Each structure stands twice: as C-alpha cells, then as structure tokens.
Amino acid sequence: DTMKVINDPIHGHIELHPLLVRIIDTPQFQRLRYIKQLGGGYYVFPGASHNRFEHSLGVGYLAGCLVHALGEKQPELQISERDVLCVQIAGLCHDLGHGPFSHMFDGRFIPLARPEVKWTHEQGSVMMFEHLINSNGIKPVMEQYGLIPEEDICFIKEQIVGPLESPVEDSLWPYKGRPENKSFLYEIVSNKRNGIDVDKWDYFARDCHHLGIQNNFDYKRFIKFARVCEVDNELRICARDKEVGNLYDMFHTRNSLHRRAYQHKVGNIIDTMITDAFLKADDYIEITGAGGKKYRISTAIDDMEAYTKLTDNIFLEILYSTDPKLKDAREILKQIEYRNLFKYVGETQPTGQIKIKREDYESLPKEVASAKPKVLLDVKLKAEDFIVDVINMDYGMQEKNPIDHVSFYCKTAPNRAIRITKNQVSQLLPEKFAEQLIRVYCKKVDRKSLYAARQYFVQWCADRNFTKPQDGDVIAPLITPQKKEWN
C-alpha cells in the first residue's frame, strides 16, 4: 500500500495515506461522486457541476495540512501521526450522508416528507461512517497503522457531530475521544465554537472557482498566523491579532456567496419544484434496503444499505419513468426541462425585532392570498398558486458575532490569548449579523396572473409594515403612495 497522489484543481497535488485510500475506495464514499454540491445552482450557473467527492477530499487535505503545520510550529503539543490520520479521516468523512442534490433533501424535502423526524446530514454521515467501517472491514487496517479503533472511531464521530452520548451540560469535558490537553483537535474539521474551519475554506475556494466568482480569502495566511494557546484552561487554536480584519473579510465573503449564488431566485424555485416532484413521486419509488427490504425515498434515511443508492439518480429515474403512477412528478420535471418555471414576484425585509419561525412557514401563503388591494383586479388568486421562500442570512452564529468567540495572540506574547471587540477593529463593520428575507413566487405563466400576484404581494407587504420592495414604484405604483412611511 504505497502513498497515492491526486491532481486536484484547487489544491494542486494531494498526497493520501494508505488508510485514507482504503477508506475512500468503498461504495459508501464513491456514493458522493454522484451528488451535486450545488443542487439548484447548476440550473442557474452552468459551471457549478462539482460534486461532494472533491470537496471531501479537499477538506481532508486541508485538515491534514493545518494539523501538520500546528504540530511543526509547536513541538510541545505532542501531535502524533495517529492524531493526523484521525483528523484527516474526520475531514474526508464529514459529508458522507447527503441526500440527492445535497441541500433540498436535508432542509426542504425531509421537513415536508416526514416533519416528525428531526434529521440532519451530520447524523447521516455518522451512520454511513459506521456502515463503511463495518462493511468494508476497516478496523484491521486501522490497527495495522497504529490506530486504536475503539477510541479513534469515537474521536472521529465526536469531530463530525460533537458529544455523542449526551450534551455535556456538566462534568467538565466528559468526552471519550481525546483528553483535555488535546482540546484543539475538535476545531480543525468542523469548528463549533466560532465556525472557522477547513470545510469553510474549501467550499469557498471550490465554489468561487466553479461558479465564476472571485474569492476574497487566503487560508494559507491564516495557517501561517495561527497558534495553539491555552484559553480558560483548554488549548484552543488562536489567530494573530492582525488577522481580525481578514476574518471579518472571510465572513463577508461567506455572506456575499450566499447572497449571489446560494440564495438565487431561480435556483431556489428550481429546488422547490424538484422537492415537489420528489414529494409527489415518494409513494412509487422503492429502494432495496438490507436483507431484501424495500424503502421509499423518505424512509431510506433509516437504512444505510438503501441510503447508499439514494443519490441524484432519482431525478432521472422520475424524469425517464414510463410508469403512469409517476405522471405528475414526471410532468413537473419536464416543466423544469422546458424552463416553464414558477414566476418571481418580489422580496421583502422584516423590520420588527421578532422574526417568523419555521413553524409559520406554510401559513404565509394563506395570509398572502388574504390581501385586499384597492386596485382593479380582474382575477382572484388562491393560496395554492402562491409560494413563499424564507431565507435566513447569518454569519454561522445567528444573533452572535462569530469573531466575539475567537482568541488572538500578539508578537510580544506568543502564548497569551486576548479578546478583540468589534469597536476595537473598525467603525465600518456591520451593526447586525442576522437578517431575514422572504421571496414570493407564482405558479401561473400568464401576464394577468403576474399582475394580480404582484398587486397581492405589494398589498401584503404594506399591510404588515414590511420594507418597501426595491421596485415597488414601477411594478405596482398604485399602492406605494398609500404607504406614507415608504416615501
């Protein structure tokens, strides 16, 4: 088992340990080779045709590079090859469990297919990791390369998802993967304290390189300016005190990428319509589970033998199906094929301090259809013809500043960690880190319906004291004069 090298386009050549090569060369990992990282973005950005396989390889490589650099800079941390291999394995296998198209399954399909279950892709990745290890017989190979599987597997699971048995909430680090003195290893692959991790850097670089946008972050500079320092009696990764501006720039880059590509109108509506097609085709798609069992699309997240075959393939299954049962879903997919998409109406910005929770997402069309515009409307619409899409823009921490939970070190004292407040960096920084934006769409493709939907949406926005739409004075100029505050 000789070391293997791959020519990645973002990170050049990547060297992979033989244990990593054995882990990737399994069906549970090659399943990621057929899942798009940007599901609905491929139908808006033609170049965004990259899967999660490359992203997983890159995240593993970056985690290995960061841990190797941290070990080289501070030999006193006692970082062994076992820790390097474990953090690399956590990096590669952090996205093992993803549904088709990789985001609507986790955030739109499952919440509608089965709202009772609470499912997230990290849990699916953990279960797929267990299935991979058990099915492929990886533990002998792990023991061959100096790894202790009984605790290394727990360490990898804790890296991927966090505290396994229960939330900590007591006992002062009752963890079972690594001791207290290795507390800096729970932040390399998925940092749950401030969000700065190699996963963010990798998808930043890859998405910018593929979409056609330019990236405004340099992870190598952060790597060269990061040191492990004792913070409140545990070792946390700390950055140089002059890098706070670059960290704010990283979060601004995340916000801009979400604004421009991940929350596109057409991409969001296409994801919604593919989700509707999946919901309509759920009852007639059967996936062979374990021991000959048959599983639906929505129920395949309970058996990883079936979930291994639940990839982007079901889209072309429905599209090419001749079964009359799947007719409605096939028609929806063909409407997508003809770009007969649902029509955009408008956006808004809630202004009150209270934001609408996910429990009220489906009640919005009812209120939208209840509007009573004082304009000559020749057609009356129904909530069935209205679609709302609530989007939350944040910095990884909803209401809290992610930089407020970062520790910095200076040149004079390379081992003392300090906190830098927002006002000590610049006065040209965002005053808020959470905002909400609501889209509204129409399912009809006739101009009269478009006019009626626009009037209803503008009247609804004016009713609940929402923001003035960016083009409220053109599409519906008969309602804005009523809103005195808007002018």
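Positions refer to the first chain, counted from 1. Superpose the two forms; the largest set of C-alphas matching within 1.5 Å is the rigid core. Shifts are known only where both forms have a C-alpha. What changes on going to the form deposited in another entry:
- Once the two forms are fitted on their rigid core, between these two forms the CA displacement reaches 2 Å or more only for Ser166 among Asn392, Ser80, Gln123, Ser166.
- In this core-based overlay, residues 164 to 171 form the only run of three or more whose Cα positions differ by 2 Å or more between these two forms.
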Contents of the next structure:
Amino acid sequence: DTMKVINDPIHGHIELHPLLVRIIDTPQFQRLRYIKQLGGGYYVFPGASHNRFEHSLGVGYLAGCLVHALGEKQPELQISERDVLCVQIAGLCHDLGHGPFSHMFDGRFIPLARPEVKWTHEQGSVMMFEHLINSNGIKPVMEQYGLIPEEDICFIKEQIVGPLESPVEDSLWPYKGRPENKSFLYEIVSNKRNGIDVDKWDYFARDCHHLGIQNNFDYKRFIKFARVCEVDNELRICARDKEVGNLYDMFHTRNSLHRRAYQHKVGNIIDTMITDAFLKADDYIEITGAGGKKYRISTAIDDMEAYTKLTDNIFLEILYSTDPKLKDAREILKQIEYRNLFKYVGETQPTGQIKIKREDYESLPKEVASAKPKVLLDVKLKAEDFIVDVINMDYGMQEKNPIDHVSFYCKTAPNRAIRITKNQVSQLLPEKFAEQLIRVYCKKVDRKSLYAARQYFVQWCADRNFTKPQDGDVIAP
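Mind giving me the form deposited in another entry, seeing as the form deposited in one PDB entry was just shown?
The next block holds one chain only.
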C-alpha cells in the first residue's frame, strides 16, 4: 500500500499509486503482456516486439503528468486528487479491448467473420473494464482512497468512449460523470474534437524507439505552453499562438509513420494471410467461458471470461497442432514461415473526389478479373486469385483540417482564445487532407502468372480511370 517505482526505456522512473498497482495485478490487465502493439509489422521490422502493457503504462503516466501540470499552473480550475486518480485510471485501461495482433483483429477479421455486428476495441475495453472491476473486488479499494464508485466508474467509461446514450445536440451537456465546469478533463486520454491527446505522444515515442526511425515531435514543449480557456461557454485546452506551426508538423509526423511502417505492403499482406488462416481455423477452436460454455474465435467477444484467454498464443496454437481438421490454416502459416507470400502486383490512386465505399470491396477482385486486356496472354486467372487492398490516409478527421478546431491564446491576453487560418501560417502547407490508395496482389506465384496479373491490373487501371501506374514504362512497357 505504498508508492511503487517502475523503470521505463521511453520515460524514466515512474511512480504508481497503490490503487493503480491493485488494478494492474489482475489477469485481465496482465493479458496485455501477450499482444503485439504492431501486429504483423514485427515480421518486417525485427525490433518491433513490444506489447500493449508498456504502452498502457506510458499513457497513464502521461495523462497524470498533463493533469498535474494544468492544475499546478492555474489553481482556479479546482482540480482535485480524485480527478487525477480517475484520469490516470482511464489512461491506464484505455486499450483493454484489443485482440490478437491488435488492429488486425478489429480491422480485418471481425468485419469478415461476423459482418452483421458493428464492433470496435473501445467497446471491448469498456466491457473488459467492467469485468475487471467486478471480478476482483475493486470497489471497496476505490472507496478506501476517496473515490465515489457510482459517479467515477461512469466518468472513466465516458473518458474511454464517447458521451454515450447517443447524442441530441439541442444545446445540452451529454456527459454524466462530471459537470461542464470540468469539461476539459474529457480531452486528455482521447480527444474527440481535434485528436490531440497523450496516446499519440506515447506511441509516437515508443514506436520510433523500437522501429529505428527517429521522432520529430516534442510533447514536453507542448505541455509547457498549454492552458485552459473559456470558449463559447465551454472550457477547453488551448495552445499558444506561436506553436501553431509545430502542431502542423505533429500531424505530418503521424502521416509519415503510417506511410513507412503501419501501411508497409509486405506487412499488410502478412496480416491478410494471418486473417485468412484464422478464418479457416474458425469452427474448430474452442474457448471455455462462463458457465462452462464453449465459444468460437469470432463469438468470444460476447463473453469477457472467454475473451480473457484470446491472445497471440492462438497463432502458435494453430502452427503446432496435429489435428487433421486444422490442416489448411496450418499450411497457410507454414507458407508464411517460408516467406512464400502473395506477390504484389501494382498500386493506384483515384483521380477525382470519387471514393470507394466500405461495402463495395468484395466485388473489386471480380472487376479486376473481368477486365479484357488488349494483348493476349496465354494464362487465364480467376477472380479468386486476386486480392485488392484499400488504404485510407488522412489527418484523422475524414478530409477535414484538424488545426481549424484548435484554440490559441496570445501572450498579452492569456485569458481569451482565437482561431488561426491556414493562410496566416504558411503557403507551403498541404492543400488536401485525405486520400485513398489501392494495392493489388496475386496468389499464384508462378513467373508466368505474374505477367498476366500485371496485364489485367493495367487494363483495369486504365478503364476505371484510376490514374496510371507509376512505372508505366518499366514493368508494363
């Protein structure tokens, strides 16, 4: 029941409150030691072997630091230690709902296995937090340190997910955990207004440390010049006008990361292969949940006791199996182990403001196969031999400019906020803020099938009006 100290390779030595220590030392939280932060990227970057455990620790520490600084430099906000504990707990448990290989589970697998439900890992995080609190007798411990569980659990849940109860924007306050007087406390762990939060800072630093790519953003300088100001009967976190350029750079940094590591094409195809292996391995793996009931890999998100035992272990559970009824997924994983991967064909961009919707992906391989090239190639390829991948690259707000939703204050008048437009900053800033990319892969790896795949790709690219391949003079001359 004393302050603990833990050493971090990203931050320094970190202090942990006894209640935080109690929360951490449970099976539900310890589950995070066995889930990769970057999923399949570890198969392209050999140094990316870190897990969500240290990421959660860092996010909690940074949330605590930011709230402490805000309270210290401006003591009329009425920030109490109860609020500090609540914010730290919310930051600590914000990723309890990630599945095997993180985003691959909720970005690729669940959509294809159970296409009738809508599910995100934040909902899973809320459910897992409820399960953790109920199964470990934590409410008395919270009451022992001055928390009020009925209000505070709701406050933490609303910190992890949106306002909840669905919105009705007729000039109303949607939240319930805290009054509007402290609305800024909802902008720390996850910022729904412009996307500036400590989670980005933490994973920027940690991913740059582990990948071998050097980071360019400085969050301590941002914390130095941060303030709280009243805007439109709404207290929000504001930066200083002289930091505006830095903010732009931050988003640039994020984009760069997505373009170098998270959307690497070999890593993406490896993730696709793992998803296909899981799809084939389904209907045969059993997980025991509450009441001795059995669950599927796809239905395990309906029971937290069963979901607690679903980690990256399942991967090695399929590779080492001997059951003759799991042979196909085992063959796929073995092919992964030999680097016999699906081969990349080409890439393209839409020209105009036309975009591919989510519910139109399944037909793309059919249209690539259905094309009729002019040149006559010997081999014929079916629509089952093609994989089409769509990538959405934006600044986090669907072609909106995030910096237009930030408030700024001047040195001479620190208690009044303003807005800055893009033309008041620089002429060298980007013009657009969202785009799509399309990659095409072929499953048949014959040196002959690749030529046919390229011919169909170029014909489909030409007739769809989707620009032309970069190397239109090298691979298709």
